[PDB]
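This document opens with one chain alone, in C-alpha coordinates, the form solved without the named molecule.
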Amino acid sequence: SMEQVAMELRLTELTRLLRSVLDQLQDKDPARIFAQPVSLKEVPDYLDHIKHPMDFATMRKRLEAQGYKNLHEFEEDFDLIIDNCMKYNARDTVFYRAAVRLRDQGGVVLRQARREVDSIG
(Lines of atoms letter the chains of each structure in order from A and count residues from 1; the text may use other names and numbers.)
(Lines give C-alpha, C1' and ligand atoms only; values in the text may rest on other atoms or scores of the structure.)
Protein backbone atom coordinates (compact mmCIF):
# COMPACT_ATOMS: atom_id res chain seq x y z
CA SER A 1 0.00 0.00 0.00
CA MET A 2 0.96 3.59 -0.42
CA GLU A 3 0.22 4.21 3.29
CA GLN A 4 2.87 1.52 4.21
CA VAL A 5 5.39 3.22 1.94
CA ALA A 6 4.75 6.64 3.49
CA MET A 7 5.28 5.14 6.99
CA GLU A 8 8.52 3.52 5.74
CA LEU A 9 9.72 6.86 4.37
CA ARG A 10 9.05 8.53 7.79
CA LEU A 11 11.06 5.70 9.49
CA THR A 12 13.83 6.26 7.01
CA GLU A 13 13.94 9.96 7.63
CA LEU A 14 13.87 9.37 11.46
CA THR A 15 16.81 6.95 10.93
CA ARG A 16 18.68 9.71 9.08
CA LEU A 17 18.13 12.17 11.94
CA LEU A 18 19.08 9.51 14.63
CA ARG A 19 22.31 8.74 12.73
CA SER A 20 23.33 12.42 12.95
CA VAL A 21 22.31 12.45 16.67
CA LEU A 22 24.36 9.28 17.29
CA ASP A 23 27.38 10.88 15.66
CA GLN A 24 27.13 13.96 17.67
CA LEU A 25 26.75 11.99 20.97
CA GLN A 26 29.65 9.74 20.19
CA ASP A 27 31.87 12.77 19.62
CA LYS A 28 31.26 13.54 23.29
CA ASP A 29 33.18 10.30 24.11
CA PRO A 30 36.58 11.10 22.66
CA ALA A 31 38.21 8.41 24.88
CA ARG A 32 36.03 5.74 23.14
CA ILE A 33 34.99 4.31 26.51
CA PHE A 34 31.49 3.56 25.22
CA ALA A 35 32.34 2.55 21.65
CA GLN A 36 32.14 -1.22 22.01
CA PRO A 37 30.41 -3.79 24.29
CA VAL A 38 32.03 -4.58 27.56
CA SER A 39 33.99 -7.79 26.91
CA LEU A 40 32.80 -10.81 28.94
CA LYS A 41 36.24 -12.34 28.41
CA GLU A 42 37.82 -9.31 30.19
CA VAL A 43 34.93 -8.69 32.74
CA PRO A 44 33.57 -12.22 33.27
CA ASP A 45 31.16 -11.16 36.08
CA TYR A 46 29.60 -8.27 34.05
CA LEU A 47 26.19 -9.83 33.48
CA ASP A 48 25.81 -10.54 37.18
CA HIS A 49 25.87 -6.73 37.62
CA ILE A 50 24.36 -5.29 34.47
CA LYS A 51 21.28 -6.92 32.97
CA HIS A 52 20.94 -4.96 29.72
CA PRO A 53 24.44 -4.02 28.40
CA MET A 54 24.60 -1.28 25.81
CA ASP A 55 27.30 0.52 23.74
CA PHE A 56 27.53 2.77 20.64
CA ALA A 57 28.32 -0.08 18.25
CA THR A 58 25.30 -2.07 19.32
CA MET A 59 23.13 1.12 18.90
CA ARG A 60 24.57 1.62 15.41
CA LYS A 61 23.61 -1.95 14.38
CA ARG A 62 20.04 -1.42 15.57
CA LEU A 63 19.91 1.99 13.84
CA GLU A 64 21.11 0.61 10.49
CA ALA A 65 18.38 -2.04 10.58
CA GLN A 66 15.90 0.88 11.16
CA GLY A 67 15.25 -0.62 14.52
CA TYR A 68 14.38 2.59 16.40
CA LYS A 69 10.66 3.46 15.81
CA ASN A 70 10.80 6.75 17.76
CA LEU A 71 13.30 8.96 19.62
CA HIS A 72 12.19 7.53 23.00
CA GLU A 73 13.57 4.07 22.04
CA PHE A 74 16.92 5.57 20.94
CA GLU A 75 17.15 7.62 24.16
CA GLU A 76 16.46 4.50 26.23
CA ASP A 77 19.53 2.80 24.76
CA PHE A 78 21.68 5.96 25.26
CA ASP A 79 20.62 6.15 28.89
CA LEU A 80 21.55 2.45 29.35
CA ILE A 81 25.10 3.23 28.22
CA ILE A 82 25.41 5.96 30.89
CA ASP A 83 23.44 4.29 33.62
CA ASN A 84 25.17 0.88 33.33
CA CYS A 85 28.59 2.58 33.65
CA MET A 86 27.55 4.70 36.64
CA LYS A 87 26.40 1.51 38.44
CA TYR A 88 29.35 -0.80 37.64
CA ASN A 89 32.09 1.77 38.16
CA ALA A 90 32.74 3.86 41.27
CA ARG A 91 32.52 7.68 41.39
CA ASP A 92 36.32 8.11 41.50
CA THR A 93 36.96 6.31 38.20
CA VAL A 94 37.71 7.56 34.73
CA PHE A 95 34.79 5.39 33.51
CA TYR A 96 32.16 6.94 35.74
CA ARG A 97 33.44 10.44 35.13
CA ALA A 98 33.36 9.83 31.35
CA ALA A 99 29.70 8.79 31.66
CA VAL A 100 28.78 11.94 33.56
CA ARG A 101 30.41 14.13 30.93
CA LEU A 102 28.64 12.17 28.16
CA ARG A 103 25.28 12.55 29.87
CA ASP A 104 25.76 16.31 30.41
CA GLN A 105 26.94 17.02 26.92
CA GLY A 106 24.48 14.66 25.24
CA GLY A 107 21.54 16.40 27.00
CA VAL A 108 22.12 19.48 24.85
CA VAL A 109 21.98 17.40 21.63
CA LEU A 110 18.96 15.41 22.65
CA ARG A 111 16.99 18.48 23.68
CA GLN A 112 17.19 19.87 20.10
CA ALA A 113 16.67 16.40 18.51
CA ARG A 114 13.33 16.18 20.29
CA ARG A 115 12.24 19.58 18.94
CA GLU A 116 13.28 18.38 15.35
CA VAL A 117 11.45 15.06 15.64
CA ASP A 118 8.28 16.88 16.85
CA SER A 119 8.70 19.79 14.38
CA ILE A 120 9.27 17.71 11.14
CA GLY A 121 6.90 14.99 12.52
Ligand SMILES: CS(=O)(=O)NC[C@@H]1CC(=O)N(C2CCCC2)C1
The other form holds:
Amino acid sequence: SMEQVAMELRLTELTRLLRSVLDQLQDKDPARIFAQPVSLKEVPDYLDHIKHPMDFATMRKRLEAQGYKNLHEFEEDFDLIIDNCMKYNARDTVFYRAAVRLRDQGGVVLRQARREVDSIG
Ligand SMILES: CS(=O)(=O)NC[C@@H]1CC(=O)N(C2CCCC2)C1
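Show the form solved in complex with the named molecule, please, because up to now only the form solved without the named molecule has appeared in this conversation.
The complete assembly is shown below, putting the previous chain first.
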Protein backbone atom coordinates (compact mmCIF):
# COMPACT_ATOMS: atom_id res chain seq x y z
CA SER A 1 0.00 0.00 0.00
CA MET A 2 1.02 3.65 -0.27
CA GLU A 3 0.59 3.93 3.52
CA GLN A 4 3.07 1.10 4.14
CA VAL A 5 5.65 2.83 1.93
CA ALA A 6 5.14 6.18 3.67
CA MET A 7 5.67 4.44 7.02
CA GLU A 8 8.84 2.82 5.72
CA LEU A 9 10.08 6.22 4.56
CA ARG A 10 9.54 7.54 8.10
CA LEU A 11 11.37 4.55 9.58
CA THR A 12 14.19 5.08 7.08
CA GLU A 13 14.40 8.73 8.11
CA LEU A 14 14.42 7.81 11.81
CA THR A 15 17.20 5.32 11.10
CA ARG A 16 19.12 8.12 9.35
CA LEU A 17 18.70 10.38 12.39
CA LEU A 18 19.59 7.61 14.86
CA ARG A 19 22.67 6.73 12.80
CA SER A 20 23.84 10.32 13.35
CA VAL A 21 22.99 10.12 17.07
CA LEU A 22 24.85 6.80 17.41
CA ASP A 23 27.96 8.23 15.76
CA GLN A 24 27.83 11.23 18.08
CA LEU A 25 27.43 9.08 21.20
CA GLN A 26 30.22 6.71 20.19
CA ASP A 27 32.57 9.70 19.75
CA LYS A 28 32.18 10.26 23.51
CA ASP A 29 33.87 6.86 24.02
CA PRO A 30 37.32 7.62 22.61
CA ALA A 31 38.79 4.69 24.59
CA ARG A 32 36.42 2.30 22.69
CA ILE A 33 35.52 0.61 25.96
CA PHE A 34 31.92 0.16 24.74
CA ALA A 35 32.60 -0.57 21.06
CA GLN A 36 32.16 -4.36 21.26
CA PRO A 37 30.34 -6.95 23.39
CA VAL A 38 32.06 -7.82 26.66
CA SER A 39 34.05 -10.96 25.80
CA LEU A 40 32.38 -13.99 27.37
CA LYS A 41 35.55 -15.93 26.64
CA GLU A 42 37.63 -13.47 28.70
CA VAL A 43 34.89 -12.71 31.27
CA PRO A 44 33.14 -16.08 31.62
CA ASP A 45 30.98 -15.01 34.60
CA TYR A 46 29.59 -11.90 32.87
CA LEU A 47 26.10 -13.29 32.17
CA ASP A 48 25.74 -14.34 35.82
CA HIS A 49 25.83 -10.61 36.60
CA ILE A 50 24.40 -8.90 33.54
CA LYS A 51 21.19 -10.27 32.08
CA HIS A 52 21.01 -8.01 29.04
CA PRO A 53 24.44 -7.12 27.63
CA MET A 54 24.77 -4.28 25.13
CA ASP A 55 27.46 -2.44 23.18
CA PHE A 56 27.76 -0.03 20.25
CA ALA A 57 28.41 -2.71 17.60
CA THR A 58 25.30 -4.61 18.62
CA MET A 59 23.27 -1.36 18.50
CA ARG A 60 24.61 -0.60 15.04
CA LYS A 61 23.57 -4.04 13.77
CA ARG A 62 20.03 -3.52 15.04
CA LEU A 63 20.02 0.02 13.65
CA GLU A 64 21.05 -0.97 10.13
CA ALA A 65 18.34 -3.64 10.14
CA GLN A 66 15.92 -0.78 10.93
CA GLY A 67 15.22 -2.49 14.25
CA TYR A 68 14.58 0.68 16.27
CA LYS A 69 10.95 1.74 15.80
CA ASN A 70 11.27 4.87 17.95
CA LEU A 71 13.88 6.85 19.92
CA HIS A 72 12.80 5.26 23.20
CA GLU A 73 13.91 1.82 22.02
CA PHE A 74 17.30 3.23 20.98
CA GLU A 75 17.74 5.03 24.29
CA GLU A 76 16.90 1.84 26.19
CA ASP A 77 19.85 0.10 24.55
CA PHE A 78 22.21 3.06 25.16
CA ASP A 79 21.19 3.06 28.82
CA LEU A 80 22.00 -0.69 29.00
CA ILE A 81 25.57 -0.02 27.94
CA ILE A 82 26.01 2.50 30.76
CA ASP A 83 23.98 0.77 33.48
CA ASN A 84 25.54 -2.68 32.89
CA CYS A 85 28.99 -1.16 33.26
CA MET A 86 28.19 0.79 36.42
CA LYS A 87 26.96 -2.40 38.07
CA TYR A 88 29.71 -4.84 37.03
CA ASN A 89 32.55 -2.41 37.72
CA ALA A 90 33.37 -0.55 40.93
CA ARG A 91 33.45 3.25 41.19
CA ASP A 92 37.24 3.43 41.26
CA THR A 93 37.69 1.82 37.85
CA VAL A 94 38.44 3.25 34.44
CA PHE A 95 35.40 1.33 33.16
CA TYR A 96 32.86 2.83 35.58
CA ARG A 97 34.31 6.31 35.06
CA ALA A 98 34.12 5.96 31.26
CA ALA A 99 30.43 5.05 31.58
CA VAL A 100 29.72 8.11 33.75
CA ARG A 101 31.42 10.37 31.22
CA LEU A 102 29.55 8.75 28.33
CA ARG A 103 26.25 9.15 30.18
CA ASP A 104 26.90 12.81 30.99
CA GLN A 105 28.13 13.81 27.52
CA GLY A 106 25.51 11.70 25.78
CA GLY A 107 22.64 13.42 27.58
CA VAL A 108 23.25 16.57 25.56
CA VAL A 109 23.05 14.68 22.26
CA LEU A 110 19.94 12.77 23.28
CA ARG A 111 18.14 15.88 24.53
CA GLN A 112 18.33 17.48 21.09
CA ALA A 113 17.59 14.17 19.35
CA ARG A 114 14.27 13.97 21.20
CA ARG A 115 13.40 17.48 20.05
CA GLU A 116 14.26 16.56 16.44
CA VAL A 117 12.25 13.34 16.43
CA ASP A 118 9.27 15.26 17.82
CA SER A 119 9.68 18.25 15.48
CA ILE A 120 10.19 16.40 12.20
CA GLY A 121 7.69 13.81 13.40
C1 LIG B 1 37.37 -3.17 25.31
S2 LIG B 1 37.61 -3.70 26.96
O3 LIG B 1 37.77 -2.55 27.79
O4 LIG B 1 38.75 -4.58 27.04
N5 LIG B 1 36.36 -4.57 27.48
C6 LIG B 1 35.17 -3.73 27.63
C7 LIG B 1 34.40 -4.27 28.82
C8 LIG B 1 33.30 -3.33 29.34
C9 LIG B 1 33.23 -3.80 30.77
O10 LIG B 1 32.33 -3.54 31.53
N11 LIG B 1 34.32 -4.51 31.11
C12 LIG B 1 34.54 -5.16 32.41
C13 LIG B 1 36.01 -5.08 32.83
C14 LIG B 1 36.06 -6.20 33.85
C15 LIG B 1 35.41 -7.33 33.06
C16 LIG B 1 34.27 -6.67 32.29
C17 LIG B 1 35.31 -4.55 30.02
